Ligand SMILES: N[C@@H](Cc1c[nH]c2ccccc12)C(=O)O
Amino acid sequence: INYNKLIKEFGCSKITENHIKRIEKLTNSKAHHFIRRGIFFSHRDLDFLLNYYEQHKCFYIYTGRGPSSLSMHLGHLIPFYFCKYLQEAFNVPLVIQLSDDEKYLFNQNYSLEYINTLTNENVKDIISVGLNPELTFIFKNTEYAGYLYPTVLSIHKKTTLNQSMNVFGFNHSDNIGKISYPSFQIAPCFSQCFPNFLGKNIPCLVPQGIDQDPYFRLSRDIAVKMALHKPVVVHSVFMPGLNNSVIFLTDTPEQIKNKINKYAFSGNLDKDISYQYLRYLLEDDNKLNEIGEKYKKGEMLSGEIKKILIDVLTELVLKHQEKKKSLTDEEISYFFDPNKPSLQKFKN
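With no structure shown yet, could you now provide this chain on its own, in the form deposited with this ligand bound?
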């Protein structure tokens, strides 16, 4: 996949060192390694957002999760780790949508109950990332649709069937729920969908996988029509693989060791899957650079990098499972309260 080609093809902008310097200046801390290492690499209107934060110290983050399975892996958790950082760095509210409606509509043999099981577990996996419970609002569409609906209607009216089908690749055999859904994913980009804790027309930062862009490329056109702020968009590169070409957060140190040893492509910094995974997982640059140099020059063996990765991954997965098991129902239910005076309520 040619990312630089995609940026210019769909009208995005590369994240620059200036963006980073301004982020560190405004947050009074070091930028996350996702930004420094170009994992989150492209954006729309980030400059506007940074200036708006500088001038008003106010905005909110919005991301989502589609509960189509019980088994999440690290790639799914990448944007949530990132939202955790943004949440703490700027001290702003985070909003997380669970498109249980989408997964119900797109999966023919799935019922709402099943989707809800998947949803609850995915929610616990997401919370287990380390999100600030005070600065977080999670919602299921099946429950928050009433708060989303007037905004959805405006988006509905400004989206022709032609546009929905062209943008999302729908055909005439798809159910009208699939056609109507994208407005519900677009809606939370507008702060009127959260009257309990947010003011009107507050800029929205949307961290997302690249594959989610069609939703928010459309949201920016409709935002102009609705006379509201265009969603500030931030994209991530797809996490590379190498049928269990992934690391599940239910996996054991044993299975992680086996998968890494037997399947992780080795390589060359750019073809070694393990060094990339370390690019994701290692916060300190010195380490990453040392391992990178030793490996590129030949001093370090493959099985070494494999070992260090297995260690890091093992600690991560174990801590995550611990946090997961630690979760009480009240702790989870707290995340669904929009009435927290707490952070949530200060952004007006």
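So that the term is clear: the rigid core is the largest set of C-alpha atoms that superpose within 1.5 Å between two forms. Numbering follows the first chain given and starts at 1. First, how it differs from the form solved without this ligand.
- With the two forms fitted on their core, the C-alpha shifts between the two forms stay under 2 Å for all of 214, 253, 75, 199 except 214.
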The other form holds:
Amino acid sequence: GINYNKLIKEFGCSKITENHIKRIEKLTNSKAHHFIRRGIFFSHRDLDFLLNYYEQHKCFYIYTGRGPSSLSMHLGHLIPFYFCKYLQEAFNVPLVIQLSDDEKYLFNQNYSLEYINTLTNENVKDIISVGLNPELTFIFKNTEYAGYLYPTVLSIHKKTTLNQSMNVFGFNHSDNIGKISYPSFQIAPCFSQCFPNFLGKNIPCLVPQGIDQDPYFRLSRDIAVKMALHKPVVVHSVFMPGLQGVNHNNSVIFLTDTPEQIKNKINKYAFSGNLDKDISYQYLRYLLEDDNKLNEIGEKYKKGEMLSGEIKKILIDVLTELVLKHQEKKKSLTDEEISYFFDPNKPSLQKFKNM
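Please supply the corresponding structure for the form solved without this ligand (the preceding block corresponds to the form deposited with this ligand bound).
We keep it simple here and write out only the one chain, dropping partners and molecules.
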């Protein structure tokens, strides 16, 4: 298969151990998220530094981001946001969310800034609708917030050769100079000096991402050393597989999909097992919070006591509930609720300003 332990050894990452989990549960006074307990988020760099930092200072922040997509977001895009929701609540720390509308403009030849803004505003609604805590969240668009990032971006630029940018990101000489210099803007928010309205300088940053992003993220950590700032901490997730195989539109669950569209996609296109190869069981590892129910389902399926139609039906109900709750939350959002996410001066955020 994928062999993630081989990939850890290759990249030089570290496994998240049982003791890391115990330590998280202890520091947050709460059970660890199922993504961590089930090995969905499975590796890290410098997690001990972060846990020890939080233990002594009760302080860090979480950085994540989103390039605005041309199509509707699908379930795979929300996975990291569900994890950030958990992190912000369990640790009680700020979450900053970059919308890289500039990146989308620079990388898509026929897209205008105006059109990209319509996509950005829709994505923001989906992001908020996972149930993020408004009081501990700061969302920003790069087009609007660049002035706060720029002094940091300059320092990152100065320490990144063209060779390094091209080698790391696979750019070529026909690529526009926006693409070439964009990565600094994605690195910058790892450094708390980019958020002077509510963070102190040089506060550690936790950045959840896919294991596949580690080679790119190494540039952030190398740059931090040259800037004499903390290296951003990373926890890595496995690839969430498409419906058709664990290794087009019928390969994902869009958040705008109806109950009937979800039913058909799972029944017709989701691969059936063998727990390791059954896509429905795999998705239940992400979506089912109750450990006992998951193990009971896994027990019955492997023994043959549960058929494929039944495990697919359980997934469809779970998915349908999730998607309908999401659609319901999104529909209820007011412009005032949305704007509040973009406010850097919230008193709950400003608590961390002198920590």
